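Only one chain comes next, encoded as structure tokens, the form deposited without this ligand.
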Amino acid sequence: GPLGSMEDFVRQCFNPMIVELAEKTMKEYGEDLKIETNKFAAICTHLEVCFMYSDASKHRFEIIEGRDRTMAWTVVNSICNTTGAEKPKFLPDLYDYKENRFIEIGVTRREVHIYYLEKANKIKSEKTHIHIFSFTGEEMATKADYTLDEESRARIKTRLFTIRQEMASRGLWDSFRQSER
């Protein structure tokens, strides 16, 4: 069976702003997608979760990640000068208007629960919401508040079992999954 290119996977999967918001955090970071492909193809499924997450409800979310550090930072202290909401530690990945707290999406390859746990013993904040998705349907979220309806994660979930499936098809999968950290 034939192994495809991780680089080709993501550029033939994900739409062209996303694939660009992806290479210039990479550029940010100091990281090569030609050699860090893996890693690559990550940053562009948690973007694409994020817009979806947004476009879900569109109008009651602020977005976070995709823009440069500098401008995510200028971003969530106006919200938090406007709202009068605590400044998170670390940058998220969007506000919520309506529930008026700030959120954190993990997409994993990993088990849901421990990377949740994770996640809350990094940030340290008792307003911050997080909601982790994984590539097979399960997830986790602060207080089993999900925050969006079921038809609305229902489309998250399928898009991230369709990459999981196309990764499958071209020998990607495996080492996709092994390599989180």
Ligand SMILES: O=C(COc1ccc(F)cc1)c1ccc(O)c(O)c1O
Given for the second form:
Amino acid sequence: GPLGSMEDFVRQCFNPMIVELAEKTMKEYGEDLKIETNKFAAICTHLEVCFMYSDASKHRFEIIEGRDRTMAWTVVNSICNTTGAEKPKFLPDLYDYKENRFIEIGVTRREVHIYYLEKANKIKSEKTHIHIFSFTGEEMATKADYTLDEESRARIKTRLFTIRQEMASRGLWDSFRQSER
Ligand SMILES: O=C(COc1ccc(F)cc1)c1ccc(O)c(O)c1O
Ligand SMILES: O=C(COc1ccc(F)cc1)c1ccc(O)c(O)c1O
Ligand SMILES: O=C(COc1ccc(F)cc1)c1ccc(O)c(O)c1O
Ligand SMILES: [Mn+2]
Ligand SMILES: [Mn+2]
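Can I get the form deposited with this ligand bound as well, since the one above is the form deposited without this ligand?
Zooming out: every chain and molecule, the one shown earlier first.
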């Protein structure tokens, strides 16, 4: 069977705003999407999941991810000043105005409990909430609190399955999956 190009896949199957933000992110961190095309796909996937999570309840969440870094920190600092939330040590992905906390979103094909533990060990807050999605449909979240309802989460998971399925039909999945870390 033909083995497609990952860059072609990303440009065809992700919305143009997502793709532009992903390109800008990669440039900001000094990386060529032409040699790190699996990473380009992972950044787009993660960004899309952040946007879908926010869209599940419009205006409940401020989006942090996808902004250039200096701008992201000014937003985080503003939120902390306004709401009195504790300032995080690493940029998180969202702020939840309802539960009054920052959220870190993970997207993985590794074992979700291990990935969760590595995230929690990395960020070292008892405040920031972590929500992990696997392409298997599995998920794991801080204190078994999943934040959104089952159908919002099912929409995210279905999008992940769709990405996985389209990658596989293009021969792109095996390499993408192996590229993690
Ligand atoms: O981190 C990644 C890929 O991240 C993923 C994250 C979740 C997945 F299911 C698959 C891949 C990555 C891929 C290619 C590369 O060159 C690189 O430097 C990366 O960090
Ligand atoms: O793309 C990301 C996060 O944003 C990034 C932004 C720039 C990079 F060089 C690397 C990652 C990503 C984050 C968590 C995750 O679980 C995942 O699969 C990701 O692709
Ligand atoms: O952006 C990164 C890695 O690069 C960073 C750059 C600055 C930070 F304060 C934190 C991370 C990142 C990796 C995994 C992930 O899930 C995520 O949301 C990220 O932003
Ligand atoms: Mn992030
Ligand atoms: Mn994240």
